[PDB]
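Novice: Here is what each chain is made of, one letter per residue.
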Amino acid sequence: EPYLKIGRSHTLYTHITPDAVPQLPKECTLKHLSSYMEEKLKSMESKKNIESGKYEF
Amino acid sequence: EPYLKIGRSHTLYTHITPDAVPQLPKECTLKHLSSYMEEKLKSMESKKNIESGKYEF
Amino acid sequence: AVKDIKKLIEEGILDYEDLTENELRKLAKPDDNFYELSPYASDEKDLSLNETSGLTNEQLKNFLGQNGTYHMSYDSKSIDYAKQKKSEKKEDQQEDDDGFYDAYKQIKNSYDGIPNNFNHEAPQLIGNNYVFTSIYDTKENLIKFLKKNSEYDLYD
Amino acid sequence: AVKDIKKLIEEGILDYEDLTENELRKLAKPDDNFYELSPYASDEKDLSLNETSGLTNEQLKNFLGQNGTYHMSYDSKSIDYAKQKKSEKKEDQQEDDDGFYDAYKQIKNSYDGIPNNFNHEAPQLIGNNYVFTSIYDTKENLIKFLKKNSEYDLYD
Amino acid sequence: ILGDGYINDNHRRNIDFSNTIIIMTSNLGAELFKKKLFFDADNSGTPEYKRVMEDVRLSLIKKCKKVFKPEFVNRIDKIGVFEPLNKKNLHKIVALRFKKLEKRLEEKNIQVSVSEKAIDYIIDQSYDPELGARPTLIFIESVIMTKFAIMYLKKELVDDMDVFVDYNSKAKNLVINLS
Amino acid sequence: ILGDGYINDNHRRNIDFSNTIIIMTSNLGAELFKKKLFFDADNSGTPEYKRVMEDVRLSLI
Amino acid sequence: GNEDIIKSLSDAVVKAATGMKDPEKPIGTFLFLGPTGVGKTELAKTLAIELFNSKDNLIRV
Ligand SMILES: Nc1ncnc2c1ncn2[C@@H]1O[C@H](COP(=O)(O)OP(=O)(O)OP(O)(O)=S)[C@@H](O)[C@H]1O
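Residue numbers (PDB author numbering), protein chains in the order written: chain E, 174 to 230; chain D, 174 to 230; chain d, 668 to 823; chain c, 668 to 823; chain 4, 726 to 904; chain 5, 726 to 786; chain 3, 605 to 665.
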């Protein structure tokens, strides 16, 4: 919704600055999506076939 | 620590001389790390076929 | 409060807000695994270097500099040649994971100042201070603290 | 005090500090294995010579001489060609390690004036005097003595 | 076999793998158990060298699924990954050999004791992290154990001798004997 | 066997397989799909990504 | 020639005749390598002359 409003607007392209562009939310960046894979792929292997450490209670 | 201080400093690059750059300690050079491999490798190759008679009690 | 003491207690007891300037800078100092001598780095597919790259032709840069009614904006000789090799190798069985897993590992390390095969500590400027982060010791709680608290504040 | 006498006693008894000018220069003189005739050198991978090298193109040197907004600073034709050969040979079993030991080796011989396959004595200027060092006879204790004592002193 | 306890034969008999501990070993150790990632296991880590093993153990399970056709990654219960040997461990691992050694000498009643400094003389002159202590156990048998019998050939071994091994740091080389 | 019942032995007698539920199991999915937008799908897509699994199913045939 | 090889032959006999370590491993396996010409067989022919004084204990396969 905010990216189509500035896209359809009659503004010159030299006036489009990074101040005038609204930021994506934190779910939508590469910083989240790359770190979310290490929440899976590192974790996915660190609980496949390995279950002696830190299952104390 | 000393290499980031001169790196962040507002000095022109023509003023950066080898006198103005602090030297690395002796653990951190190629002269140590190449000689440390001959302390391993050269010593190691003789770990096969340990000499009979060279160590006499 | 010293460096190994903080890794156990500050997760349980101590907040980062009550720490002195000589205590914050030493937790951002590199550990004792730094200055430990370590040969034999492990090679992997370097996503940093592009094997399909080429040189500035300077007649493309002239013709693409004069903007208007051109339909392709690169050379496509070294790229096409590369795609032909992947069609001819018949290597699939783990390369179906290599393009699809391994970048996440190296792409996230690009946000921490860490290159591809670098299993050691690499700095990262936050504000006016450097924080040495690792593959393992990410030091993420220091990064959230120094960005939020020291935005308009200075603690060396 | 002669040359073979010093190799046994100066490790046990004699310090280098009490040695005359005609005694220091003769221990830096080459041994009797020098002037002994020896054919048949043993070939190895010469890390000195670069097989992936090329010629100065003089249109790259002109375009890279005009500094600014270029993105690759070499030719990359001969160095990609080389990498394709290592992908096609399937030689792994000792190339995983013969090179590794060799790089460390031949690299240390570069700090002693000794080239790659040179099993003999090679000089090294220390101060104003030459010291012939070997693969085996490194003569390291002479090098530590002539650098420290004869920094502002002269002993031929 | 790792799936169920049964396999048939050419008789189609019921082979039973229950009550049989099945043990799968292989190396897969090059390019990560090397000097790669494992310099100075002297320290060996209460909080840290665990964490290197917290990815080195992961990196093998990458090579487990992509070499073994990963149904073994499904069938096997516990994938055990050994730590590299510490020099603090070999003070007793070598000493675990002398108790097995005297079983071949309890007929003759030679009791053999080794100083800790003597072990340090052995480790630094026989051991590396890369060969895994097998030639160090050849270093015992082919260097030190050869002349205990030569101490016995010529009559310097009474059939009760308290053999005390030690090195007094000159690179001098002595066996201290008590009756 | 799947086409006919009448199967000769090495005595060349017929061995019926009527009233025998024959069950054919193999994987043929291993190390080649591995997400297909689905192994990260516990919700799995109730009207949407079921059609993906149909196109997954079609590919196997 | 090659006294270091000859000592390794003698040491296994010292491991043999003295009641030293003999598991089911036979005493002193050896793999001799060298250029064609040098004393590789006739170490062993002198063993049967000296370890056994018979020369008919030598078993050439
Ligand atoms: N040190 C030695 N003492 C006595 N005779 C020797 C010696 N070295 C070589 N010979 C003689 O040279 C031969 C050595 O025997 P071999 O070791 O079988 O030689 P060879 O020609 O290398 O054949 P191989 O070893 O089976 S390939 C015999 O004919 C010996 O008489």
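There may be inaccurate statements among the hints.
Pulled from the structure, derived: some chain 3 residues nowhere near chain 4, Cβ distances all over 12 Å [claimed, not checked]:
#1 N606
#2 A616
#3 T622
#4 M624
#5 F636
#6 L637
#7 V642
#8 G643
#9 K649
#10 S658
#11 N661
DSS-like cross-link-like pairs, simulated, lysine-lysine; straight-line CA separation at most 27 Å [said to hold, decoys possible]:
#12 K806 (chain d) to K204 (chain E)
#13 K696 (chain c) to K806 (chain c)
#14 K790 (chain 4) to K757 (chain c)
Source of the hints: derived by calculation from the structure; they are not laboratory data.
Cβ coordinates follow ideal geometry from the N, Cα and C atoms, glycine included.
Novice: Each of the hints needs a verdict: does it hold here or not?
Specialist: Results of checking the hints against the structure:
The claim that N606 (chain 3) is not at the interface with chain 4 holds, since no C-beta of that chain comes within 12 Å of its own (minimum 17 Å). For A616 (chain 3), the non-interface assignment is contradicted: its Cβ lies about 9 Å from the closest Cβ of chain 4, within the 12 Å cut-off. The claim that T622 (chain 3) is not at the interface with chain 4 is violated, since a C-beta of that chain comes within 12 Å of its own (minimum 4 Å). At roughly 5 Å from the closest C-beta of chain 4, the C-beta of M624 (chain 3) falls inside 12 Å, breaking its exclusion from the interface.
For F636 (chain 3), the condition that its CB be more than 12 Å from all CB atoms of chain 4 holds, with the nearest at approximately 17 Å. For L637 (chain 3), the requirement that its beta carbon stay farther than 12 Å from each beta carbon of chain 4 is met, with the minimum near 19 Å. Listed as a non-interface residue, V642 (chain 3) keeps its Cβ farther than 12 Å from every Cβ of chain 4; the least gap is roughly 24 Å. Every Cβ of chain 4 is farther than 12 Å from the Cβ of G643 (chain 3); the closest lies at roughly 22 Å, confirming the non-interface assignment.
Consistency note on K649 (chain 3): stated as away from chain 4, and its beta-carbon is indeed over 12 Å from all of that chain's, at 25 Å minimum. For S658 (chain 3), the condition that its CB be more than 12 Å from all CB atoms of chain 4 holds, with the nearest at approximately 23 Å. Distance check for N661 (chain 3) against chain 4: the nearest CB is about 23 Å away, which clears 12 Å, and the non-interface claim stands. Taking the CA atoms of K806 (chain d) and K204 (chain E), the gap is about 16 Å. The hint holds against a cut of 27 Å.
For the hint pairing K696 (chain c) with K806 (chain c), the CA-to-CA distance comes to about 11 Å; that is within 27 Å, so the pair holds. Using a Cα cut-off of 27 Å, the hinted pair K790 (chain 4) and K757 (chain c) holds, with the two alpha carbons roughly 23 Å apart.
Hints 2, 3, 4 from the list above are not met by this structure, while the remaining hints are.
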